[PDB]
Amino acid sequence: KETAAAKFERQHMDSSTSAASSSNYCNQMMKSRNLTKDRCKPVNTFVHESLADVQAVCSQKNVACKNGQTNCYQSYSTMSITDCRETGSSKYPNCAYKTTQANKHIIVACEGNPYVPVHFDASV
């Protein structure tokens, strides 16, 4: 089955673009990354950075996750991110999202050897 690390990349990484280029970015990416296949994922963040730069966060500032786990890390630097959240009209299978671009620090949970992101916790 898909590993947690691979799931993180599919759900949260977009090294192919430097920022969201239009209001339809989230609609298209949520679909393309299969985040709308079985239900409309309510909220999601994409990170417009290299994979290595995001993986490196696992060696940056430790902080407890929202759920209390202690394997979370905040990036030292801000990153280009896109916030995706369902619009009021979103209704499966016609999932619909508001695209918001931002430059924020990220907080990720990490696991494994290599020690890599497995969950996106927050943009801050």
The other form holds:
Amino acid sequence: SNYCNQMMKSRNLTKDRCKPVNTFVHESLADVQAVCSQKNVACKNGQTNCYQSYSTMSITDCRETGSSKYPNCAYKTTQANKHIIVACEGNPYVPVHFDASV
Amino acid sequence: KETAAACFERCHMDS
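The form deposited with the partner chain bound is what I need now, so please give it after the form solved without the partner chain.
And the full complex, kicking off with our chain again.
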């Protein structure tokens, strides 16, 4: 199967449902955690705990097709280099949500 | 319970 169908199932996003949209980041964990001290931006929800990466990162966007339904989830895979926007929280101050990519 | 930080890694990281 395609990377999205494979990884969505492996990572427990589609073993118990079909999730419409999910992004995977092909960078080290430490380089993603480093975004929490990068550019502070507003989140889509109005909160102010979001951060945009200075650099573009290698990402794969996974999005369900129009006819996809559980258990046969089906995804469209789109690969791109984009800046990421994450919401951060806690001690240590780390990513807790993937807000968007630009 | 899975923490919010662990959830983000499982769902989004693929180094």
